[PDB]
Structures are given as C-alpha cells and as structure tokens.
Amino acid sequence: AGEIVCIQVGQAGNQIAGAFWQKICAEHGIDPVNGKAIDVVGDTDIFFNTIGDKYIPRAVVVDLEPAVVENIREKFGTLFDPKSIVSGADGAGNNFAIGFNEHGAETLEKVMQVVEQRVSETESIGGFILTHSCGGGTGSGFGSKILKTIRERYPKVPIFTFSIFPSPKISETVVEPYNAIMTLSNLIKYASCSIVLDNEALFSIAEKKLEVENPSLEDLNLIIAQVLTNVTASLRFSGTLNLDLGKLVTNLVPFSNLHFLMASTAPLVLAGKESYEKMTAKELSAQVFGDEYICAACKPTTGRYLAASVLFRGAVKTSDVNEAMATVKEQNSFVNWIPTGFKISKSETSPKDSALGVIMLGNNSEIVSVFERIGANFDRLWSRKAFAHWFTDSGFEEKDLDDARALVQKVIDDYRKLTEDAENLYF
Amino acid sequence: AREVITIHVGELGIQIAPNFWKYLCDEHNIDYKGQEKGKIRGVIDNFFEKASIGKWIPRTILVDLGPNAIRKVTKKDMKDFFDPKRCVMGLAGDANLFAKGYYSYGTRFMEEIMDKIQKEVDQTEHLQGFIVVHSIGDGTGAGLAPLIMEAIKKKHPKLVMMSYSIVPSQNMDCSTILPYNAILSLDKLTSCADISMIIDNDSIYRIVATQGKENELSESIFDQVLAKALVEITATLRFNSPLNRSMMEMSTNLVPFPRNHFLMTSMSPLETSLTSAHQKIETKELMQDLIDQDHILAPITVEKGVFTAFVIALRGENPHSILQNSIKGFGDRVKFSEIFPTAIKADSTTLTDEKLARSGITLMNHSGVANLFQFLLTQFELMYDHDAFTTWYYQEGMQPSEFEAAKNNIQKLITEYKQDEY
Amino acid sequence: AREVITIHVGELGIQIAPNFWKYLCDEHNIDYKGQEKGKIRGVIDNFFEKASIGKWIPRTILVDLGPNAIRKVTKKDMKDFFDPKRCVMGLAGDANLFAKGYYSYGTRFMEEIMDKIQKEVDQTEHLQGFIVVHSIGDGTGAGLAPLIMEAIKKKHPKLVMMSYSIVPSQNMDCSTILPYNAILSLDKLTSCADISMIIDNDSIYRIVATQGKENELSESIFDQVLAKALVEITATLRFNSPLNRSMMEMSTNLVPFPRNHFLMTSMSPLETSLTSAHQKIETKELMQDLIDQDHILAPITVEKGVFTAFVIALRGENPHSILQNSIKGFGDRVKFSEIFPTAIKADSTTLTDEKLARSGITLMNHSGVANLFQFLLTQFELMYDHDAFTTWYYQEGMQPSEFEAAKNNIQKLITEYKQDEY
Ligand SMILES: Nc1nc2c(ncn2[C@@H]2O[C@H](COP(=O)(O)OP(=O)(O)O)[C@@H](O)[C@H]2O)c(=O)[nH]1
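Protein chains in written order, with this note's numbering: chain A, 1 to 427; chain B, 1 to 422; chain C, 1 to 422.
In short, the hints are calculated from the structure, not lab data. Worth double-checking, as some hints may not be accurate.
[Claimed, not checked] Pairs of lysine-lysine, DSS-like flavour, derived with a Cα cap of 27 angstroms: (1) A/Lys282 <-> C/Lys75; (2) C/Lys79 <-> A/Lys417; (3) C/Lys79 <-> B/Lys304; (4) B/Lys284 <-> B/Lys213; (5) B/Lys355 <-> B/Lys39; (6) A/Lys417 <-> C/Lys75; (7) C/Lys75 <-> A/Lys329; (8) B/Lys304 <-> A/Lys317; (9) B/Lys72 <-> B/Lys50; (10) A/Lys299 <-> C/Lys50; (11) C/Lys328 <-> C/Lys39; (12) A/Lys145 <-> A/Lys399; (13) A/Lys352 <-> B/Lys76; (14) B/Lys85 <-> B/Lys22; (15) B/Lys407 <-> C/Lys50; (16) B/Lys85 <-> A/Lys36; (17) A/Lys317 <-> C/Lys50; (18) B/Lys75 <-> A/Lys352; (19) B/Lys76 <-> B/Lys37.
[Said to hold, decoys possible] Take a look, some chain A residues computed to stay more than 12 angstroms from chain B by CB distance: (20) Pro32; (21) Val68; (22) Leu245; (23) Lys317; (24) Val321; (25) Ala324; (26) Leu381.
Think of the CB as a built atom: it goes at the ideal place given N, C-alpha and C, for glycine as much as any other residue.
Same shape as in the complex, but just chain A:
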C-alpha cells in the first residue's frame, strides 16, 4: 500500500539517488547492476516493480541534459528502466530561471506522463521522494517546478525532499544564492518535509568518521545514501508497528511552514567488515545527537527542539532505549508546548554492515543559521545586482526575487520567535 515513487532531478540528484538505490539492492538481495534476483527479503514492493525475476526501482529520472540515458547505463547498468528516463535538449547553466521558466513545455509534460505511469502501477501512493541540489540549474528550477506540479496534481500526498544546500564557508558559483533562495521558497510552499544537507558537514564526517583518506563526492554520497536507506528501513522491513512517510510528517511538523529537518546517522560503515562491534544503543544515541554526525552546517546541541524522531535498527534492547533516551532528554533543550518531545520507533532488521544502527531526524531551531547565511549572501549581491541580468532576462521580475526572499525570511522569523518565546513558556 505505502508505495514510494522517487523523483531524481539533475546531476547531483541522480548521483545521490543512484547510491541509494544500489544500497537498497544490497539489503533486499537484488543485483545492483541488473535488477535480477532469485531470493529476496523484506517488502520489496514498496520501492520496486517486480516483473518476472527483475526488480525495477520506481523512480523518475529527470534532466535537461542531452544524453542522460547513456550517462546512466555507463554507471548503473540496467538497473533503471529507460522508459522512465527523461532526457533534455540543451540544459540549464546553473540558472534557476532556465530550469524553472525556459525548460520547454514538452520536457515537463513527459516528466508528468512518467510520474503518472509510476503512480498508476500502485494500489496506493505512500508518498514521493525528491532528490536534488539547490545551487544547480535543473535540480533547483526544474525540480522546483516539478514539486509545484506534483503537489497540484496530488495534494494530500507527503512529499519529502532531500537536498543539498550551499556549504557554510566556501561557495561554488556567484549565482548560487539566487538559485538557493528561489529553490528554498518553493520548498517552503510545496514540500511536506525537507531534509537539509550540505557538503561541508558531510566532508568533515567523511574525513573523521569514515576510514577513507582524501574522500571524493563518490564517498560523500555514501553518507547521504546511508541517511536515505536508514530512514526507509521500517517501510522496507515492515513490522507490526512501523513508520511511513505520513507518520513522519504528522509527528515532526507542528506548523505547515516549519518542516525543515536535520538528519544524523551512526555508525557509518563502508562495505566490508571494517566496523567494530560496539553493540551499544546508548553509545549510538549519544553519537547521533552529538554535533559530529550532523549532516548540515549547524550545531544542534546549542539550539532547541520542537520535535525529533529516532529510529533504531537491529537487536536493540528496550531497556537501553529507555535509558538512552532519558539521557537525551536531560542533556538537550526542548520547547515546552510540545510536551512529549519524541517519536520513537524500532525495526529489528540490522543494516547490512552493522548489527545495530540509529537514524535521527528533527526540528532544531538552529537550522535558521543555514538559511540566514544564504539570505545575507543574496542580499549583498542583490543590492548590487551582480549576475542579476541572468535571472531577469530569463523571465523573472525583481518582484519574484524579492518575494522569494521575503518568504524565506518569514520562515526564519517564525523559527526564531518561537525559540525565544520558549524560554518563558516554562514559567
């Protein structure tokens, strides 16, 4: 019933999702380069369309790039069905306005036809997952139009977006803050939940928690993929009690515009028996809630939580969960009105490279610092109108650039006001 349709938009979107799909295929027991399997485990129907002995991942692959199909065959074999891959003609040169306005009506109609076919092979739609990168030209503007279009066709369906935000210190292109704000404005309006990730945080993790020396994006994507595979464990491995995407939206989002979540996982293990059997839920909870495993450039132990959820995997003792979470409640800071704090869940099936593991998600007021940095960089460039012609000559009015900024500021102000008011909601 809780069938998931993934949408992958742009180069980052496809590489991250690619790593995810190949890890999913390892846990369920499917060949990552063929889709062919004889003996599989878990509820494979949530993510794969099985025809004969081939498990076909349910995904819509989208680009503006002229040769997206060949670019996939070369890395992912025949795992993805070519009928689901939508190729483009020219491309968006890191310009939100091209991905969003000047993309071609036909390109979008084909994406929608593919989505309709994928939702037509389901007894029910459990939700959509969008994987993309906010500073690009297709994963930002086209991915944003797709969220708009999907939410208009399928309102009341939980959309989760996983996206890469600018890094806190160094930036990629000068245009990046314009692409990032308009992408964020559309995430604010259309996603049910958004997971904020960035590369600076992930690199520190790759260099300090993984054994890899001099990691590249290929290694960095295994941290993101690990977040994605763990967050879908309960869905994939069922259980009498479990978590679907609609359970996460209901429990983590207290207001409709405060859905931006942080993510953290531990242990991080590269394939092979390179891990150590710590086997302790208490240690994993202490780690997942520390600042060192957070996959975004923020410092959550200094903020305040509105809500959080923790999913434990493997043979975790009930007694250790209760003690470990008691420690977490004592050490961290929560807002009074939400009085229960957490959503807790367990899935008895172990991740393939560790007997135990933990994934945590949550609403931490600290997240505004990511948005505030983006806002400030935009304001300086916008005031001087540097690289601005690239957006207004591609269909935007100054009004749209200003309204997108205003919406972002509204979310920041709402998170901060709530957080400051919170200090006295206890007296």
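On the provided structure of chain A, position chains B and C with the ligand as indicated by the hints.
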C-alpha cells in the same frame, strides 16, 4: 455457553493477538493449528468456534487501516490460526491521527466491519458480550475502536461491552501527538464501553525491569505481560469460577455509576518465566503482592486514593480463612468512602499452568485513575492552546469545537473520580 | 506549609546552587526539570512553588553583580530549573571588594532585589523565614548578602533569618584582601542574621583529602560536601521531624543571646560516594563520628572549648536507648558551663538516600568559633595597621573609621565567646 467475541483494533491490538491466543490455546489444550491436543478443558466454546471438522477457530476479528499488522500476524507469527475472512484491511493507515480512524478514512470500512461482526454473531446462540482490544495511542486504535463500539452498541444494546485500553509509554512508544489522540479517544470511550480496563505501558516497562534486575530477560517479555493480563481478566469467563462468572457480573460488581467505569489492574507473578526455580508463593504472600506497587499496571499507589470497588481473583488452592485474614490485614492501605462497606471480594478458580503453585489478578475501581487522565490532559492543553499539530486534524474534518468538547468532558471525568478524595 | 525562601548571593553561593537544588529534587522525587517522578514525599511546598502546570519551581533568587555565575548555572548546569525572572545581574562585578557589594555598586540594585523578593513573598501564605547563602570572601557575597539581609529584616521583622556563611580557604580560594572582607562582613552579620552557620573550606579540603587517601575521588566532591551540609541542616524543615521543626525552634534551641548566634557543624558520612560498599554504620559509631575531628567542618576540636548548645539530628532508625548511652559516653569531651545543664538534644528523622543505612548532622554553639574570628582578625590588623590595599576601599566610600568600627566589634565578639573559657 455464554460466548464472547474478541475484536483486535489497530497495530498494537493486533501485535498482542498472537500472545493472547497462544495462551488460550495452551490453557485449554488446543494446538496452534486449532487441533485438539489431548483432553479439552474449560468452557472452550466461549472463545472458540467449532469447525465442521475437528479444528477450533478463535472467535475473533482483526482490524487494521493499513495491511501490515495483520499480514505479519496471520502469515508469520501464528499461521493458519486466524480466519482470513475475519480480517479487515485498509491501505492508507492512519498517519497517527484520531481523525482518520474516527472521521475521514475509517468510516468507509464500517459496512465491512459490521458485516463481519454479524457473521460472527450469527454463529452463536447465547452471546454474552464483546471485548475490544485496542491502543488509545495511534489513530487506528484511538479512532476506530470507539467507532466500532458505537456501531455495536446501537445494534446489540443488551450486550456487555468491555474494552482493553492500552496507554502507550512516554518513552519507547512515544509520539509527539499522543496527548491529542488520548484525550479525543477517552472522550468516546466514556460513552461507548460498559467496562474499560486501563493498562499503562510505562508501568509494565518499570515493573518488568525491576523483576529483571537480576537477569537478561527477553525482549518478548513486555508483550507477554500485556497479553497475559487480558487472559487472566478473562479466566473467570472461561472456567467455572465462583467469581466474575459473566461480563454482566463484572459490570455489577465494579461499576456503580455509568461514567465511573475505568478500571485498574494488578497482577502476580506477572509472568511464569519471571518467577522460576523455587516459587512456592503461599496464599499469604500472593495477596500482599497484589496490592504492592510493583504489581500494579498503572502509576498508582493504592494507599494514595480511594476505592469504590475491589475484586481479587485468584487461581489454585487459596484457603478462604487465609484470604480473609489477608483482607483484614490490608488495614488502611485499602480504603473506601464512608458511604460504602469495605466491599472487598476474593475467591479462587482453576489453575492450568503446571509451573505455578498459584496466581492472581485484581480489578480495581480506584480514584487514582484520575491522575493518569490529568497527566494526559495537561499535556493536551499545552499543545492545544498553542495550536501544535492541529492543522493535521483540521484538514480531515475535526472542526475545532470537537477538541474543546473532549477537553471539557475529560476535566469533568477527572473531577468526578476525585470527589471522594476531598 | 511553613515556606522558606532561599537566596544565593555571590559567585560561590551561586556555584553551590545546582548541587543544593539537585539534592532536594532527588530527595523529594522531582526531576531536574521540575516534573514529578513518581510519588512525591516530604513537605515539598516548603521549598518549591507549584506552577499553574505540573511543574515544581525552586523557591529561590540568584544575585550576582557580574553576569557569569548566573549564566553558567541557569544555561549550562541546571537548565530550565531556575526562573529567569528571579535572577539579578549586574555588569561590573565587585573587584573582590566589600565596598562595592555594600556601598558603591550593589546599592543600585536594591530596588530590583527587594522587588523580586516581594514577588516571591507574595506567593506564600505562611512564610517561616529566609536562608541566605553566601561567601564571606568576595565583595559580592561579603557586601551584598548583609545589605540584602538588612533590607529584609526592616520589612519583615517577625521572620527568622538564617545565613550560611562560607569562609574561603587560605590556599585554593585565597585572596590578598580576604581578611578585610571577612572582618568587614562579620561586622554586619552580627546584627543582620538570627542564625549564622559558619562553614570553613579548609576543613572541607583536609577532611575530604583524608577520606580520599585511598582513592582518586572526583573534583566535584568539594562542592557536593558543602552543598550537602546545607541540605542536611534543612532536612528537619522539609520532613515531619521531631526536631528543628521550624526556624524559630532552631533559634530558641541554639542561640541564648542575640550576639551569640554563630554556629558550627559536624557531618557524617560527609558524602555517600565517600562511604561505599559495606557501610553498616551502627547508631553507636555514627554518634562517635559526629564529634570526631575529621567530621567537623571548622578548625575546632570539641574537647578544646565550651558548649553553650548542642543539637544532634540523625536520619534513619536510631533507637533512643543508644542515643542516650552515646551521649552519656561523651564524658568530658562535650562540656558546657556550670550555669547550664548538659543540654544535648538528639533524635532522628526520615531517610531518603537508598544507599545509606543512616546519617546525621549536628549544630553546635561552641566557643571555638572565637578562634576562627581571632585568626582572621589578626590578619586584618597586620594589613590595616600598615595600610595594605586600603586605597581600593577608600576610593569607593569607605571612610577609615568604618574599618576601625569593624575591628572593635569583632574583638568584642571574640571576647564574649571566650567568657566561659576563663
Ligand atoms: N553531496 C554531493 N554533492 C554534489 C554532487 N554533485 C554535485 N554536488 C553539489 O551540487 C551543486 C549543484 O550541482 P550541478 O552540477 O550544477 O547540478 P545541476 O545543474 O542541477 O544538474 C554543486 O555545486 C555541488 O556543490 C554529488 O555527487 N554529491
């Protein structure tokens, strides 16, 4: 045979089912395939339907708004035992909202559910009543169980309806919207059930952990304790006991006013596997254990509150002269109002478990229930007054006055249970 | 409930606060967030205010002339426990001078401080008294605590005021101007407090080091011992004890003359973590330990000096026939004047600490206090007579006769305590 129909609603009520039903199968000498295993004992007919063949069929219905609790129970944990034509499954689940279970989604399944119930009712000449086992946490349990109860009471008004309401923990089972579903559903249980048992999972977790301080237990112990309490409550409805002979007698013994029907329980030895080796529990210790803090499946101290009714059901030989001295010896730990005699009733029935010398369970109508309700109500108010997560309920039809009504009903219920405290 | 208001003044009084309040929270079964944790025991109302919600609020005010002691306590060590509207913060601190705390800086905060105190007073029907916890070392403690005490006594003259005066060490806590602040502030405590407890940090350091000669301790032990002594002194004000039932009774039992109110204490086992494993401390050893040199938190030998009053408060079962033989067995180690009966009073109250069989604390009115005062006074005179560091006080208004007056008052106080020695 006064027959009882058991309905399991929601993910937890269903999770419990295999433990509840395995206990009954072993207790009456039936295998898990429904086949007889030697001599059948007890009034088997009250809980099992006899097939056209030698197989016994549990007289039960399983309801889930998603497909998964049922799929695991009937395909992996207790294969071939449950009748697939008595399982009701939706697709969407409940997104943890009361609103789906009671107003927007679960309502489309009521024709299917009432049709299956009638098919089950039609197989019995003398129906005593219904037992509905449900979580009050999640939307399927919190929402549908009262929707189902109302539909039954309006069709079969002369039957006794009992619910087994399980309150989720503030830790392992927690949810950020638990207080909304708990208050919204207590509001309906108040008019739906004749008898409503409240079991608190936090008490189970601390009680078992205390008993287990000397060992590694098993992760299955928490579910076995919860399932066992229902089995023991029902023991007198299955054996020819001199107590709680029928659901109608439980109602007359424990509930003096239509609203004051929320009951607490106490159990000893909790589980056979918790009390192993030398367990000669003398009649004297068993009765002291049953009013001990570590045997009460609620955050209740009997000494702090007032009893309205109290029934102690023991199993095995329990000489009456001992039971009477144990009761007199309760002193002022067990106290009632000045408008009641100390109406404490105790006796014993048949033991089926070869590892225990004796055992027992109590049913209490005690003002301490009001403290659980106030705890949950305070949490409700903090969230409600600042609109936390209310959009998710309003989007599915819960006009705001619906929350306000539940708030007022529960505060009145708390006020009424505490009348004797003042 | 006879309610007590606790005020923490200065960097050390504030440093202590998290240990003092955590002990009370655990002792009465309250969590550190003010939430109830099971059954509440003792007269909780005497130290905690009940919120409009289920939360308990410590009935306390924190005063600091700088921002830092408070910031660390309320933001890092015991988050969400202390009410921020009860915290008073200055900017300049005190430059370690009495003069700032009492004349030039701290005076501008008195309207704010008395306003917060009244807001706290207005929440209670029956106010028993105030406890002011302060250092007598640094200027904020040494200066403001007496400024605050005078302001309160002039407004609420019928209440009993107790101070907990902590004398800094000559090593880890030392300062080059310690003798000025100590004499200048003892001069005001003399007329301000009804009861004044003196705790000497040098005794704590040597006592703990002695107990720790077999292990590595913890650096937190010094603060836990100091905080615990206050908690134990106050145990009888929180539990329904047959001793020191109220602050007024402590005053009548221990202070025969308005000026002779400076008291010494003795404690055993000092800290639970210092006495682990087999700690069956029999009633007999506990009372011998309480008059032992290694349990007295002052440079005082009971055998060398004269008692005016002596109260022993024990916790746990302590048979009275043993307590009486232990007292008789004190012989001439505990001696009073020929104008007094040997008025040694002992009894016991409720134990809350599951790791200890029993425990206790004593309150002594003993002439040995005069020796601490003379020690500090001699140091004062060596500095004063050669003007060391006096410019720093004169620059903020301490006209020289102010020092001379304090010098004479303390020499008179010493003379009076030693009257029975001659
Ligand atoms: N973590 C991660 N980040 C990536 C990856 N590829 C690209 N990025 C980031 O995504 C940003 C936008 O990428 P881009 O190539 O312009 O995507 P497109 O124009 O939307 O197809 C880059 O500036 C990088 O910071 C990847 O494989 N993984």
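To see whether the hints hold, each was checked on the structure:
1. A/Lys282 <-> C/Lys75: holds, 25 angstroms
2. C/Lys79 <-> A/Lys417: holds, 20 angstroms
3. C/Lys79 <-> B/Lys304: Not satisfied, since the Cα-Cα distance of roughly 32 angstroms exceeds 27 angstroms.
4. B/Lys284 <-> B/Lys213: holds, 24 angstroms
5. B/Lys355 <-> B/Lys39: holds, 19 angstroms
6. A/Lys417 <-> C/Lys75: Roughly 19 angstroms separates the two Cα atoms, so the pair holds.
7. C/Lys75 <-> A/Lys329: holds, 15 angstroms
8. B/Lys304 <-> A/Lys317: Answer violated: B/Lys304 to A/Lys317 is near 33 angstroms, above 27 angstroms.
9. B/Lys72 <-> B/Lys50: The given pair, whose Cα atoms are some 25 angstroms apart, holds under the 27 angstroms limit.
10. A/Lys299 <-> C/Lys50: violated, 34 angstroms
11. C/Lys328 <-> C/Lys39: It is violated: about 40 angstroms lies between the C-alpha atoms, which goes past 27 angstroms.
12. A/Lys145 <-> A/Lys399: holds, 18 angstroms
13. A/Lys352 <-> B/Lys76: holds, 22 angstroms
14. B/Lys85 <-> B/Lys22: holds, 20 angstroms
15. B/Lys407 <-> C/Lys50: holds, 22 angstroms
16. B/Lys85 <-> A/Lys36: With Cα atoms ~35 angstroms apart, B/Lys85 and A/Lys36 exceed 27 angstroms; violated.
17. A/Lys317 <-> C/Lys50: Judged against 27 angstroms, a Cα distance of about 37 angstroms means the pair is violated.
18. B/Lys75 <-> A/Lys352: Holds: B/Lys75 and A/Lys352 sit about 25 angstroms apart, inside 27 angstroms.
19. B/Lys76 <-> B/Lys37: Holds, at roughly 22 angstroms.
20. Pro32: holds, 27 angstroms
21. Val68: Non-interface label stands for A/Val68: nearest chain B Cβ at 34 angstroms, farther than 12 angstroms.
22. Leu245: violated, 9 angstroms
23. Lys317: violated, 7 angstroms
24. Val321: violated, 6 angstroms
25. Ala324: violated, 10 angstroms
26. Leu381: Fine: 36 angstroms to the nearest Cβ keeps A/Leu381 off the interface.
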